[PDB]
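Trainee: Residue strings, one per chain:
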Amino acid sequence: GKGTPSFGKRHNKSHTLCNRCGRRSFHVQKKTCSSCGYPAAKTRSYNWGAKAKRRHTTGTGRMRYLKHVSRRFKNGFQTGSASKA
Amino acid sequence: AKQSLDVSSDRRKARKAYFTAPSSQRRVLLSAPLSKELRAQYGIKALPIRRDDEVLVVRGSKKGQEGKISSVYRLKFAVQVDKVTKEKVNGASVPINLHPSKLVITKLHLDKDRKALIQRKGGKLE
Amino acid sequence: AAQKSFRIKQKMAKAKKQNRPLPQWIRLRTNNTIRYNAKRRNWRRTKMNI
Amino acid sequence: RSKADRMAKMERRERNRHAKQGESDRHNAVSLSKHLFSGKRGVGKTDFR
Amino acid sequence: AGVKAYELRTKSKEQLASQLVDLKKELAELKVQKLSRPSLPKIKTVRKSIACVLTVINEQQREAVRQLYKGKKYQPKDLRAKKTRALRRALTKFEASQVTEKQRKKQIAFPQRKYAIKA
Amino acid sequence: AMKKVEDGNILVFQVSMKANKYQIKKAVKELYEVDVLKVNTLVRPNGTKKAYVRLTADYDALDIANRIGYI
Amino acid sequence: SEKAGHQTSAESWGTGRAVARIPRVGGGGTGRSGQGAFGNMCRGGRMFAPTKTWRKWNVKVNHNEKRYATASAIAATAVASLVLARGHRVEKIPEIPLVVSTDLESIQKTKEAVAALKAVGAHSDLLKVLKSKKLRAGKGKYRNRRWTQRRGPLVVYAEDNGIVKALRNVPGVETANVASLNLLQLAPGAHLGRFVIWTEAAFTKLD
RNA sequence: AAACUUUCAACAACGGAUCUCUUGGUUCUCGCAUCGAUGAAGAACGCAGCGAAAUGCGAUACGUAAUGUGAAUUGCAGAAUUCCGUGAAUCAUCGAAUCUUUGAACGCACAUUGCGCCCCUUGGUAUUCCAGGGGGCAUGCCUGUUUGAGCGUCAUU
RNA sequence: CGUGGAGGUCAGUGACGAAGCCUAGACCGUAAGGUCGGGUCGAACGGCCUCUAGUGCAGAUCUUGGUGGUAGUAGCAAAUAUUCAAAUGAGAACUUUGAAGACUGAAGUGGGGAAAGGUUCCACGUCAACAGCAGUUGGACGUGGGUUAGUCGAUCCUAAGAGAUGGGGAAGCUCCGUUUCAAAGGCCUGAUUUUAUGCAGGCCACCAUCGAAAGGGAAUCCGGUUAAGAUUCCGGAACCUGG
RNA sequence: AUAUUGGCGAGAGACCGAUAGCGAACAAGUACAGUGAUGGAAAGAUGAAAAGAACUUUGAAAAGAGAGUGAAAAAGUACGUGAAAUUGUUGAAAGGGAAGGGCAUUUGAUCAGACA
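Residue numbers (UniProt numbering), protein chains in the order written: chain A, 2 to 86; chain B, 2 to 127; chain C, 2 to 51; chain D, 599 to 647; chain E, 2 to 120; chain F, 72 to 142; chain G, 53 to 259.
Hints are supplied without guarantee of correctness; some may be wrong.
[What the hints assert, rightly or not] Simulated crosslink set (DSS-like; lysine-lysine; CA at most 25 Å straight-line):
hint	chain 1	residue 1	chain 2	residue 2
1	F	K121	C	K5
2	C	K17	E	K35
3	G	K193	G	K180
4	B	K17	A	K85
5	G	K163	G	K183
6	B	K17	G	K193
7	F	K75	E	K35
8	F	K75	C	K15
9	E	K5	E	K32
10	E	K25	E	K43
11	E	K32	F	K75
By construction, these hints were calculated from the structure, which means they are not laboratory data.
Just need the whole structure built from these sequences, with the hints factored in.
Mentor: Dropping the structure here:
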């Protein structure tokens, strides 16, 4: 009566998709996300969860802008354009 | 021997920088030596292979056969000379890959830039 | 759910377009290690979890 | 087309030996389940009929 | 093939915008033919021709605004330098070169001399 | 879709997702110079917006469909 | 690595009959779940006694004893029955130690220096090398140590004037100053008597 | 006696050990200092002539521009002028651009592709109504400006 | 004695077959083990003096992987039940049409929906796997097609309640609080002929926002049509809100 | 001058060599499980070159037998080497409620050495 027949009553979602992390960890009644700390201003992480940091450090995604920084440093942050030598 | 720090003598560095070499650096790797006919003519030992050159095979099963290069196939580090093929059993024909360190050039194809390369490296051309 | 929202429906359109086998000409390329589609979903077996 | 149709049937074969009912059956078999073996059954209420 | 960039740089502004619309009529008509043909590889070249015109129209307006604000303080933010965040918030070459008026009198009278110990 | 051209006097187009009924009613009138009675839209299951455009009774759907070319 | 094997949250199930006490990986559904972890005998576990960096790598040796062994390494080069016992095809040269004039130091090219090494009598000992290059025996091939070979004569000079660059290429040959005199060169593999060619200005400096 | 059970060999199976490989790791040393309100890291969806993914990219979408190298790309189809040249390509470099919807996230809101307002402008006989196109509207604090408040308070009629 | 590497030596062995693996074939050592012949094989590997360790397995209800005996065995026994002929097919107890026979019996095995699933709905091609027998059929496989709204819903309002700002705590991430010890905010006409808005000058004192696809709620019905959609499309006839 | 398991660029090792080494040599923080915080694998090797078996005949087809490519199909997309458990056929041998072992010989199979 607590096992397989009352698993059949389970059809109301606790969590929905979060906007910041896209994780399906957004608790509806608490209005907050368990995984990525939304809507608070800081991304939730802890040093007890070390594996949770490796899943979401920098470099894990696209790095749309940081992949072009050290190339700009190696030239020394130049402007203008080429001269056609 | 090695007397610098910027060069590497590591097996695992040198193979990975060969197999994942970009397309423009594969031009230099697929160089072919000139014949002693042309070596007296220009005074230069080796040149990167181009499409329209004429060549002679000197090592392998196809030794002694010659032709014009159809297309340089840098993705496989190989070059497909026409009239050097395996005819299949079903009538079709398949070109045979060759590596250009074993080829020998007897006729060059010259653009403006091929003249500018030979004048650069110490040539004599005419 | 027959009264769905757009955010859920946009993810159903992505799971439909990924629901296909692998094309035949990728078999023939040079240094192909790809043999089948290893990320294939089916509605029958594995629920996509929203 | 008949060459790549053959390369489908040369590489489907490993999934049919495991009787994959598609190419999308990747239900993973657990080695050992906890509720079968992790207990000491004594006098009183137990975990199954 | 398609258009060349350097040929567009000689044309006027009214002729660039007319060049753009004439490509977009072609790109609309090749997508009608795409369902009739099994393959139509030409639609790549007319598509990059749309990108080549839009770069030139953008470049000619961004060079026209720099002359509108040349010789003037506070030019807009996307025309300024990008360099990075914490280098923009820094002391300039003027301000870090500044020193108080007392130290200016010190460094003239007593600078680090040049000398040597042999004889 | 060709069955709806002849009886319905209706063209069928595919429309970018951001557009609405006022822009389909405006752009069809501009590009083909053919007035629009009503526009109906929906979102396909594959993720793009379809639009049913019914031209007025003056303008015929077959003769415009030859000028664009699909038939 | 210090954290190898411990990237797991395993825990013992307890004491059933049909299971051991080695702490099982929790969770379910992935096939990893329910396997042993954190043991040395488990698959994918850590090893016994993870080897740390602060093992004693270098050995301190007494300085007076280190000077002692370099002295006994030199005095075996004269004896010349030990030199044949190590290798070094020196059966044709008349006297050992060989002393060559100081003009050996001032040679600039490699082609001239080999002709100097042939005419003193080190011909076959040069040719003992270059007949003897082989491959390494095991897994030392793809650890940047692929080829192995024998050693050759050792040339001692007083003052560098181009002999160290001339003999830098030719295989087997190792040149050495008098002030240095490496023990790792005079007795390779703790065998006395490497065949040494001396120069004259180096030999009178040895007092 | 056959069958059957057991033992060993031969060849054939099941199974993936051994031996040999290696674009991966691991530790050690040296050189350098560079993320973000000029919208970062992260996320969502989209992009190819034929792609599901990895890698790349943002309606200019496996890339546009500038420069260097100077004939390819390749599984196929396609392009021959694009080959003594302002010029090939999934090349190399990178100093100019685009940068969807989000995110500290910033008009308010968000389980919604919800709901306002201001300016410039075009169409609908319209400053007011409806729609399209372009541009704006968060909070804390500092310096400056402008308009103010208080019998806090001074002079002056 | 044997194992993985290291320094040295045998100018050691090797595509004329190195290492491995099999071998009721041979030889040596009391033994650890060593050597040789044969078969298989396809690229590197040994002897000897020394150095170094992640150096020797039958067990730990050992770890991972693989295979047996039991065994062609237990079993596939709830829900009243199947039968004949033809077509299709290499093949039919199971597919398809027809002829019979039965059941659910309007608190159904019928016709629509809410949570929930996500293309399963429909057509075409087709049977290696899957439907614990079968298979030509399928909720399987391969390729395509399909969801149309001024009126149906969401959006809007408030319920129990969530929650910023002004503030007050807190070392701090953050806590209390909902009109509070706060200077909290915009309408309505004019009068105009710089025409745009001066001033006329009154009134208001309330003051975030989120919270129901079942409560509250502006307004649509009938007949046709699709392989698959309709209070949405077509034909016909109405009503509502902002202008 | 000092610190540094992170970011970027380098150079090396008496280290490990696919149950090892990071969890990951491979579309790995991926497939998959959980409401959730989080948990989290398996998976490298045809050949020098696809020259990936045209064609013939049996079969409804998968495939089989030939032919052919190749140095090698005792390398055929289940692909380098393919060990043991376990199994099939053939050949030998034994056998009344076990089997296996020790000393000693018979019979049967098999085999090296030496006699110039």
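Trainee: Which hints from the list above does the structure break, by number from lowest to highest?
Mentor: 4 and 8
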